Structures are given as structure tokens and as C-alpha cells.
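Residues per chain, in single letters:
There are 2 protein chains.
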Amino acid sequence: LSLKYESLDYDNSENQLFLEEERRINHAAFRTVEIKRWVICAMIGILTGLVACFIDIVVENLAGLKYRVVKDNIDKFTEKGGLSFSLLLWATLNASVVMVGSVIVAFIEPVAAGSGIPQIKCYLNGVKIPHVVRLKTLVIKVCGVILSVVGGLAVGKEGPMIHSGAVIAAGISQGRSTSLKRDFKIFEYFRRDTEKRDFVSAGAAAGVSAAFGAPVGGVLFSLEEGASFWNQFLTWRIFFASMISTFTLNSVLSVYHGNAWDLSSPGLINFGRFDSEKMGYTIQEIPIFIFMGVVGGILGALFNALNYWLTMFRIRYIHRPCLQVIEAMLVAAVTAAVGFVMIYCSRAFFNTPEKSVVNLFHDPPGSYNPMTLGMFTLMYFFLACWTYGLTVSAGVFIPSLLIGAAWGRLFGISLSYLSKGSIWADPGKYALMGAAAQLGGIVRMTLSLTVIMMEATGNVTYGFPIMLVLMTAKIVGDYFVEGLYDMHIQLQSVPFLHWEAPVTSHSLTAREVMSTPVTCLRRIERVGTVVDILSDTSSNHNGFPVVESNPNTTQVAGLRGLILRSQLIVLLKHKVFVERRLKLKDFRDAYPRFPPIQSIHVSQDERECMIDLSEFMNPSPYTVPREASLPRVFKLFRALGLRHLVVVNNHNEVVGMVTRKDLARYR
Amino acid sequence: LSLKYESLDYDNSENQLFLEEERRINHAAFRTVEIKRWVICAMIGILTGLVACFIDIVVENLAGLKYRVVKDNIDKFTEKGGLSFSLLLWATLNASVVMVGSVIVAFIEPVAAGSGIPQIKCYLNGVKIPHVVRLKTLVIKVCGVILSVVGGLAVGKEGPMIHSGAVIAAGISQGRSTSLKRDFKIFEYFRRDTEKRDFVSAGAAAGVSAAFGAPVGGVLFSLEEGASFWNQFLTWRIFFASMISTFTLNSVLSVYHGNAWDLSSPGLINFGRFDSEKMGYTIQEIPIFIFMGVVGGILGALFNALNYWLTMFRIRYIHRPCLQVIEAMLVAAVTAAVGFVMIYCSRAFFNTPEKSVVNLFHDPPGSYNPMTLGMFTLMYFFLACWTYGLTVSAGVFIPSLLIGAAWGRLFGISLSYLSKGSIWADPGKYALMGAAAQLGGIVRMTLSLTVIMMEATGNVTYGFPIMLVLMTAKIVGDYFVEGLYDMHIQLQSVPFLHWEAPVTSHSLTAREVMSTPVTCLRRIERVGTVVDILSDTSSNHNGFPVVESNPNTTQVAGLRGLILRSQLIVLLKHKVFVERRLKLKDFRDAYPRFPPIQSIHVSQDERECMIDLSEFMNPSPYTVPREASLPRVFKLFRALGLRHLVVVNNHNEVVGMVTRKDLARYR
Ligand SMILES: CCCCCCCCC(=O)OC[C@H](COP(=O)(O)O[C@@H]1[C@H](O)[C@H](OP(=O)(O)O)[C@@H](O)[C@H](O)[C@H]1O)OC(=O)CCCCCCCC
Ligand SMILES: CCCCCCCCC(=O)OC[C@H](COP(=O)(O)O[C@@H]1[C@H](O)[C@H](OP(=O)(O)O)[C@@H](O)[C@H](O)[C@H]1O)OC(=O)CCCCCCCC
Ligand SMILES: Nc1ncnc2c1ncn2[C@@H]1O[C@H](COP(=O)(O)OP(=O)(O)OP(=O)(O)O)[C@@H](O)[C@H]1O
Ligand SMILES: Nc1ncnc2c1ncn2[C@@H]1O[C@H](COP(=O)(O)OP(=O)(O)OP(=O)(O)O)[C@@H](O)[C@H]1O
Ligand SMILES: [Cl-]
Ligand SMILES: [Cl-]
Ligand SMILES: [Cl-]
Ligand SMILES: [Cl-]
Ligand SMILES: [Cl-]
Ligand SMILES: [Cl-]
Ligand SMILES: [Mg+2]
Ligand SMILES: [Mg+2]
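Going line by line, the protein sequences match chains B and A.
The first sequence runs 85 to 431, 460 to 691, 700 to 787 under the entry's author numbering.
The second sequence runs 85 to 431, 460 to 691, 700 to 787 under the entry's author numbering.
In isolation and in its complexed conformation, chain B is listed as follows:
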């Protein structure tokens, strides 16, 4: 959709240098590479769990400090100023914390804004958003989520965990820090995009597991996002990482909050225990659940749609960082004022959202007055909608669950009245169902969310109902608007590939999808020609088919290989011309950041030399016939994580190039 975004080189080039390295590795007499992958996955899990522990502990302590300071100060300030004076003071306190958070996000690292989940979804899809995996981004994300939660915004701390795990996985796998310019001479074999994308999948799964105490759910989330060929080894490693993440979080928290290692804190949010007779559903109740799904599908849409409009306003008028900070402060102040009006009219805004969700799930039937619960539902709905897109590190999972739990507990109260206090009409069960439905409507997650809800709930039997609502919420929701993360991905104009091609696509063939004419390089090519092709500012192609150079062959453009701009740049830098032989490490040294063609200097004498690309080109590029259905091209492209696909004639002559933007256009 936009050229700002490049793509990962997931499909490794099995060139001659790579095969030489593999021969030496096999001769090594021991395959330590897999053991190193395992050690890296363990470290990823441990570090993600420790990040979750840090956030939880710091948030708890700072929230306690805010509560203590205001509890001490209210007497003094209300004695003379009055209630309104204390209202203003507390609102300014919240605004100040949110101000620091929004400053660090807008003025230092705007990528840190939000949960990070859309960015990680794009990364696992195969698109590289500029600063998603950086040390600065992780630091800003963690600090900002702490400051946002302490600042009393309608936000949650679960979402940033996925992004933090992804960044940790990308970082520690390399063995070196580009930001700190420190190289630890380890894990050099894993300085390639394939291994990095595997480790990031592990890290995202670990983040989900630490967030919700849902290991299998995290594994399934990573599998969904990747949408690749099945690798038993990688899935098992991801499972290992997720398990260690949840284990580390639980153990450390148990040692902290309690004085024993007994495991009672699987995740950052813990729903509770639902193993009771009152929380048992009958077949007669299955239709009822489905209906709530419809509701969650509609309300969710109304959420997303509203945000869309809000987002546009922010793109039009709140583009500036200073205005962004001011808007975040204003939202925080209005949230505080709504809370005060709430609290003084009633006789949860001060309390954590997770505790409110738990109480809604498990409190006895007569706990809540319907009127106040509905007021909270409406106000929190509109506040969460007005908070998602702010330049603050925050998530939307817990807010969505809270909204759903509230209106589900209202539905349960109404059912209990209508059914004369029946055991089957228990408000907490319907609160859980409503939480699932609202989260599904706002975010269209199906398998991973079902498994996550089952694990957090702790019951496997509740999965079948949770499934049916999550189904319906999607089916109804997709009727009106697209999902939140998708919506923001479209707005950012990222080239995003969906699970499958548009249904009416068997009509289309690669001939329509492919791009022509194609810029190709002869196997033995003049240095000047390569320099001119790469130096062109009209286009910034990063993959070039390598065609026959000998005059003997009949083929006009017979496909011999595919080479990349990065490899050509390395070769030109090292002046590897036919007129010290490179090793696969020499290419890995440039990684991740490759010098621009402008940097390389090629003298007119050197411009007349030649480059032989046979030793460095990918000898075997993936190829499709020109008369091939679009679904097949899409399936092959997505499954293998290809960056370039070559469309050829019957005679194996290059006729076109299919890339990510070629397949993303149709929708």
C-alpha cells in the first residue's frame, strides 16, 4: 500500500556460501545450533516474565503512593478550598502523570504509542515497520504503560507485553546491541531475518502467556499471525518459551506478594476460579449466549466506527506532538472528572480495571444496582473509545472486557428478574460471556482468544459457549465494520496480506497480478549497470531476477537466479569483481542496516569491470506460471514467507514479478 514499509527476507538464499557454511557446521561434530535456539527461547521467556513482574510491582507501588498522597491531602485541601478545589488538584495530578507519559511517547518515540499488537501482527505477517523492535521503543513502552495506568486512563497493561516480548526476542537473539554499540561475540549464526522472525514469534507468544497466563493461547496467536508452513520444532520452542514466561511471572510474584513459591499468579490479569454449580450452562442457555454475541458484535462495531472518525480528526488537527500531549492531558482530566461525578453521585475509577472485572465476574447476585452499572458501562465505553488512539502506551483488551462484563452482568440481572431468581440465571456467568462478546466485537480474534479465555477462566467446558459468542460477534461485526487492529493497519497504509485471497479471485491470474516490465541482471554484469540500476531514484526495487548472460541460449531472459540489493551492495563494497573471498559472515556484518548505494564509490575504471553473481545469487527462485490462479500465488507467497515471486513463460523466461503489494492490492 505504501513504500515506506519494506519486507523481511524470511526465505533464506541457499547460495554457495550458505552451503559451504552448512558443510562446515555439519563437520563441526556437534549441532549446538538447536541447543542455542533452546537457550535463547528460555532467556526470552524469563525476561518477558521479569518485564511483567516489573510493571506489576511498580504500578502497584505507585498507585499506592497516589492513593496515600491524596488520602492525606484531601483533608487539608477540602477544608479551605472545598470539594471542587480537591477535584481540580486530583485531576491535575492524573494529568501530570499522563503528561510525562505522553511526552516520552510523542517527543522521543512515537512508535511506542498503543499496545504494539498491530505492529507485531505486521512484523509476523512479514512487513517491517520502522522502529518496532528497538531498545528505546521497549523502554518508552514500559515507562509509558506504567505512567498511563498510574495516571488513571481507561487503559490496560496487558497489550504492551506482546510488543515487549517481541523486542526482547529480537534483541537477545542477535548477541549484540546496535543502540549501545556493544557486540557480545555470541549468536552470530542467528543474524538473519528467518531466525529473527522465529524468535519474535516465540516472544509474542511469551508476552501473551505472561499477560493472561495462557501458554497455548499464545502459541496459537503466534501461529495465526505467521500463517506459515507447519514446523513442529519451532512450535515446540514457542510452547517452551510461553510456559517459562508464565512460570517465571508466577514464581517471582509469589515470592514477592507472598513469602512462598506456591503458584497463584499465572498472569497480569487473573479472572479467578469459575468451578461452581452456579457457573454451569445448559443447552437451553446456548441460544441465549448466541444472542449476546450479536449484541457484542453490534456494540463493538459502534466502538470501532467511532474511533475511526476520531482517528481522522487526530490525523487532521492533532498531528502535532504538543497538541497530542495536550489532548492526552485533557482526556485524563475528563476521565478524572467523570470519576468524581460518579463517586459523589453514587453515595471503580480509582480501582484497577482488572479487579473490577473480577468482581463483576464473581460477586454475589445482589451486588450491583442496575442503574449505576449501566451508567458506568456507557461512560466507560465512550471514555475507552476516546482513549485508544492517544499518544500513550496502552491496551484495549482489559477495557473491552470490562465493558462486556458490565453489560453482561446487566443482562444477567434482567434474566434473573424475568426467570424469578433461577440458578441458571447467574449474573457472573453472563458477565464472562459478555466480556468475551465485547472483546470479540472490538477485536476479531477467534481461536487464540477462545483458548486464552478458557485458560484464564480455568475451565475447558466453558470454551464451547465462549466459542459461539466469539463466532457471532465476528460474523455480525464484520457485517458493519472491520476490526480495530485491522482498521489501524489500513489507516497506516501498511501492505498487509490476509489469510486468503478475495473469494472471487480464481478469475484473476498471475498475468494480472504480476508487474511488468521487469528489471533483471545478467549473471555476468557490468559494474556500471548494477550501479545504475541500484542508483535509480525512480524505483527502489530490492530484488532482481538474474537471467542468462551467455549468447548461446535461445532464451531471451532465461531465469537463472534471484539476487538482492543488499547482496549487490556488499559485493560492490568489497569490490568482488572478476577483473580474499567473501564468507556468509561478511554479509551478516552489514545486517541489519545495509549502506545505501550512494555510499559505495565505483571509479570509472571499476565501472567497466564485471560481477559474476552465480556464487551469490539464489540459484533456485520460487516461480509460478503466468497462467496460474491468484489463490495459488497467494497461498505459496504466504505459506513460504516469500518476498519476491517470479512469473515466467513456458520457456522459463522472466515475464513478471509478484510481491507483497501485488497481492495486497486486491480487496
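Hints in this document: simulated from the structure, not taken from any laboratory.
One copy or two, either will do: identical chains are not told apart, so a pair holds if it fits within one copy or between any two.
Under the rule of at most 27 Å between Cα atoms (straight-line distance), these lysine-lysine pairs were calculated in the DSS-like manner:
hint : residue 1 : residue 2
1    : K705      : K755
2    : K120      : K755
3    : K212      : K120
4    : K265      : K685
5    : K755      : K205
6    : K781      : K755
7    : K755      : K212
8    : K220      : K265
Go by the hints and put chain A with the ligands onto chain B.
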């Protein structure tokens, strides 16, 4: 490995007829095909659950009848004959039930022998074992498992559920019964191997879910076996089927055993509830668990190895059906005698294995004397080893879990003695760990088994230890011998593709793997030539590349398509010669069973005619370069479920053919 086994045509041929059908389907103005897939998955789940209910209820009633008959008869027979007389009578009773079961297996349908899991694994791998999915096979399997369990063999009823679900999925999806020669004019679009293999995956997942009450575990089992490109839609449907299977089983059983629908019977085997303080592991205990894994890895090997030798004897000397029935009777009699000696020396053989496993898991610390528990462990180990390969419908999961639980509860008793009755040294927790370790050693299942154990246990926290043991059991076990299901697959000589190619395979290239010379067909081909190629009894190739026929092109064997023996047979039958136009249904009519080439009659005048294969050939065959690494060929072959892969020159001239046996040879 052997030519007795063909392969599924999972990769659909997007020929002209298929595209015409898709255009008409799109013009239909409503896509009911997906809705029909959903309805079929729901029916699969319901029917699998009902099969599980039938087996459970019938087994319970018949076991009660046996217990009542013997309880009444022992007084009368022991009064005059003595204890030995009653011993003989009861042994003969068990032998008679096992005799009926073994007769129906050996003399009617030998495929029904065993769990069916190896056969379903092969089917999902892509190999077609002759009678795996047949009505007769399902009937025999269910009856035989009932008779084996009622006959007191060291067997379990869980394993046949996977096979039964697979057969149901294959059957009801077609809309017609070949065995009963009845056609219900429904589900005609799904009479192709792709849809059948998807439905069978759903059915296998449903079987696992009904067996262990583990929906997600069943989904993961199916995903592991398929090892294909990720399809969100298919995975979601499989999840739907598994959930409905467990729900139906639980609901029906609750209505039967209780008088209320309250859900308390998720699966055929139910471990129990482990949410207690005594069943809580510490970090200090993590190493201990690992050690037990090693034990489970070693013992499991000793199991498998022994069976191997036994299997050989049975292949050499107990090949005959009558001898097979006699051997099953002898094993049953020896099992009964061991039970009697057991029972009279002590003062579980009469009791169900599942109840014994549950009691071992949950009974209080002082329940079992170590001496008798060890005697049972050893005797049951050797009896289960001597029972797995019998011509009786049976499984090995529950026996393995029982063995592991027994020696794990011995390990826990020893730990309690050594640690002076510590709370951390609780025998039941170690019994669960030992069950997992022994099952892992005997069967090398890693992810699906971990998730299944977590769900059956009901605790997510126990997964991390259960993982570590299951890891170690595999790593140690693979050091000595291969897994049981694998071992039997090798012995049957089925061409089985593993998850990845041998590690030292980058050295090999398609040129080594591919088969030459290749038998190809010109696009316009003489009918006599096709008849001769298909009539050859030297080879039975089922896939033929279609090369250029026009003299104009330079290519000697330019690849234009791929056609199949079945399609050619249909065309010859309908005399579709250039010298009524077929519809995609006409090919589906022959499916599943295609007439042999011998059946078709072609007159000498017709032999001189021509066939144009363009409208029917697969216009776009998957292709790889001759200079391509074996890992890549293997990855593409396994991910896309290909039956044929064409290896071509730089000029796109056919040079070789890679099939399943080509890639399975290297090991
Ligand atoms: C108690 C909390 C635990 C905190 C853990 C923090 C670790 C994760 C982290 O916060 O990051 C680590 C930074 C890397 O950050 P980094 O700024 O250098 O980012 C580059 C680069 O910038 C690319 O960015 P780009 O693609 O945009 O060009 C990007 O892709 C690429 O993945 C990155 O390596 O240090 C390290 O490596 C860690 C040293 C590992 C060696 C010891 C192993 C034992 C564990
Ligand atoms: C309460 C217990 C529930 C019992 C359910 C039993 C249903 C499953 C079953 O036991 O099987 C059904 C048989 C098919 O057995 P079948 O012998 O004809 O086998 C052929 C053939 O033989 C191929 O065998 P092959 O490949 O070796 O040549 C094989 O692949 C291919 O899948 C098979 O269709 O009847 C049916 O279709 C069911 C009618 C469905 C229409 C109503 C839909 C509403 C539910
Ligand atoms: N060698 C080539 N010859 C002609 N067109 C090309 C070539 N490579 C890419 N294109 C086309 O140019 C357009 C822009 O491509 P771009 O330069 O972004 O490729 P890229 O950056 O390598 O792709 P990605 O960033 O997704 O890996 C695409 O629509 C693509 O079809
Ligand atoms: N058209 C062909 N020309 C030459 N050799 C072939 C051809 N097709 C298959 N072979 C080779 O013949 C051997 C036996 O093949 P077979 O006849 O079993 O193929 P098939 O039955 O179509 O394969 P499958 O049963 O696995 O689908 C294989 O090792 C294969 O490489
Ligand atoms: Cl974000
Ligand atoms: Cl959140
Ligand atoms: Cl979020
Ligand atoms: Cl079997
Ligand atoms: Cl079993
Ligand atoms: Cl089994
Ligand atoms: Mg680009
Ligand atoms: Mg064959």
C-alpha cells in the same frame, strides 16, 4: 517403501472444468459451501461423541453382567470343583469374549486390529492404507473394543475413538454409502480428496477430544499429523468439531448416569481434580521431574524393543488367522491367571484401568504397599507389551498411563520416606508425572500430549513440568529405539514422510532424488499411446507430465501440465476424442474407485484417434529446479500435500519426477 500404498490427491487440479464450476458457484448468488462444511463438522462431532457414549454405556453394562454372573456362580462352582475349577471357568469366560472379538477382527477385517492411530497418522500424512475408512472397519472396531475391554485384556478404549471419528468424517461428508450402495443426493461438491482429508482431520480431533476431554489437544494432534500450510478456517472448523464432540459426550453421559444435564464427564477417561496444595510443585522439584523423564524414556524403550521382537515372531509364526485367535485367547487366559494369583496372594485386574489410574493419582499417601504396587507394575508392563500387537481392537494409552502412574507412585513413596513425609513429596503428583513420562517413552508425542494432559488434569500450571518430562522421555527414548506407532509404520513398509528431511541433506539435490527417465504424454496424444502407457504392468504410475506436442517449439519436453491416470481413464471411458462435453461431476462419479485400464475397451479404429489433454490437465504443475536442495523439495512437498513434483531444466524441460517414495527413502 512399498507399492501397495497409493497417495491422496490433496492438491486440487485447477483445470478448465474446475474453473467453470467455480464461476457457476460464484454466480449461484450465495456461498452455501462453507455453511455445508460447518454443518458436516457439527455432525461429525455429534456422531463421534455418540459413539463414545455407546462404547462407555455398553462396556459398563456388560462388565456389570460379567461381575454379577461370576459373583453368583463362584459359590456353586467353588463348593464342589474348588478354587482351581473357578479359576479355569473365569479364564474361559474371558477367553470366550476375547475369542469372539479376535474372530471378528482376523476373519472379517484385519485392519480393525489395533487402535487405528498409526493408520490415521498415515492417512493425514497423505498415504492411503487400503480399508482404513470403511463402514465394516468402524463396526468391527467398536464391537471389538467392547469385547476386548469386557474380556479383561490389558487394553484401553480411548485409541479406537480417533479411528472411529476419522471414518465417520470420511463417510458422512460424501453424502453416499458405497458399502450400502445408497446415494443421498447431498454433499456432492465434497467428493474429492482435499475435502475428505480436511474432514478426517476434524474427525480425528473430535475423537481425541471425546477420548480425553481435550479439544485443543485434538486440534493440535491434527495439526501435527497434517504438517501443512496454515488454514485459519480449517483449524477453526476442527476446533468447532472437537468442542461439539466433548460437549455431546458430556451431556449425554450426564443425562444417562445422572438425571441432570450438569457437565461432569468431559471424556471417556477423566483423571480428576488436582487443584490442591499437596499437588503443587516447587523449583527444587523441577530437576526431580526431569530424572523421571529419563526413567520413562528408558522403560518405554524397553517396551518398544520387546514388542518389536514379539511382532517379528507374530509375522513369522502367527501369520494365520486361526493361530491369531488362539494367541489372543492364550493371552487373555494368562492375564486372567495372573489376576487370580495377584488377588489371592495380596490378601485392579477386575477393575477398569482408568479407575486404577485415578485412584493412583488421588488416593491418600498411605494407600498402597510398595511391594504389591511394584509387582503389579512389572506384571502389567509385560502383559501390556504382550497384548499391543494382538489381532484385537485395543489401545496402548491407558495401559501406558497405568504403568507410569504405578512406578511414579513408587517413586513418590520412596521420596516421602527419604524426605520424612514432606508435603512436597506427595505420591499422587509423582504418579501423574510418571504416567506422562511412560506414555512419552512408549509414544513420542510432545505438543498434543502436553496439551491433552493439561486439559485432562484441568490445571495449566502443571503443563510446564509435564512438558519437561515429555521432552526428556523423547530425547532419551529416541536414543535407544523409535516410537511404537513409527515402529509399526516401518514394519508395514508404508511410505511415511517425517516432519523434515534428514539433517545432512543440504548435500543432496533434486537430481539425486528425482526419478529418470520420465514417462510423459503429448498434449495431443494418440489414444493407442495412452492405452499402452496405462496398460503397462511393469509400472503403475498414476501421474504423467504433459509436454509440448507442437513441432514449432525448441523445447524437447517442455512442461505444459500434469494429468492423472484416473482422469485419463474417465476420458477414455467417455471416448472424449478430437476425432456431450464432460463436467467436473463426471470425474467425481468414478471417485473414490476408478475402473482399471483393463476395463476400458478401445477399438483399433479408436486407437488411431487423438486426445487433447489441455482442457483436463493441470495447467500449472508445481515444479522445482534440478539444482535444488533436498530440504526445500521436502518442505514444498509436505506443506502443499503434493503427490507429484516435476524437476525441470533451465529451459523448463521435464528431467525428473519426485514423489513420496523418493523423499521417504533417505533416512
Ligand atoms: C529485567 C528486564 C529485562 C530487559 C531485557 C532487554 C533485552 C531486549 C532489548 O531491549 O534489546 C536488547 C538490545 C538490542 O536493542 P537494539 O537497539 O540494539 O536493536 C537492534 C537493532 O537496532 C535492530 O533495529 P533495526 O532493525 O530497526 O535496525 C533490531 O532489529 C535488532 O533486533 C536489535 O538487535 O541489546 C541487545 O542486543 C541485548 C544483548 C544480548 C546479548 C546477551 C545475551 C544474554 C541474554
Ligand atoms: C450413533 C453412531 C453413529 C454412527 C455413524 C456412522 C457414519 C460413518 C460410517 O460408518 O460410514 C458411513 C457410510 C460410508 O461407509 P462406506 O462403506 O460406504 O465407505 C465409503 C467408501 O467405501 C470409501 O472407501 P474406499 O476409499 O476404500 O474405497 C471411503 O473412502 C469413503 O469415505 C466412504 O464414503 O455411509 C455413509 O456414507 C453415511 C451417509 C451420509 C449421508 C447422511 C448425512 C447426514 C449425517
Ligand atoms: N525487479 C523488478 N522489476 C519490475 N518491477 C518490480 C521489481 N521488483 C519489484 N517490482 C514492483 O515494483 C513495485 C514496488 O516494489 P518495491 O520496490 O517496493 O519492491 P521491494 O521493496 O523489494 O518489496 P518489499 O519491500 O515488499 O520486499 C511492486 O509493485 C513490485 O511489483
Ligand atoms: N511419470 C513417471 N515417470 C517416471 N517415473 C515415475 C513417474 N511417476 C512416478 N515415477 C516413479 O516411479 C516410482 C513408483 O511410482 P508410483 O507408480 O508408485 O507413483 P504413484 O503411485 O503415482 O505415487 P503415489 O502412489 O505415492 O501417489 C517412484 O519412485 C517414482 O519416482
Ligand atoms: Cl500500537
Ligand atoms: Cl490491555
Ligand atoms: Cl490492546
Ligand atoms: Cl491400528
Ligand atoms: Cl487407549
Ligand atoms: Cl493407542
Ligand atoms: Mg520496498
Ligand atoms: Mg502407487
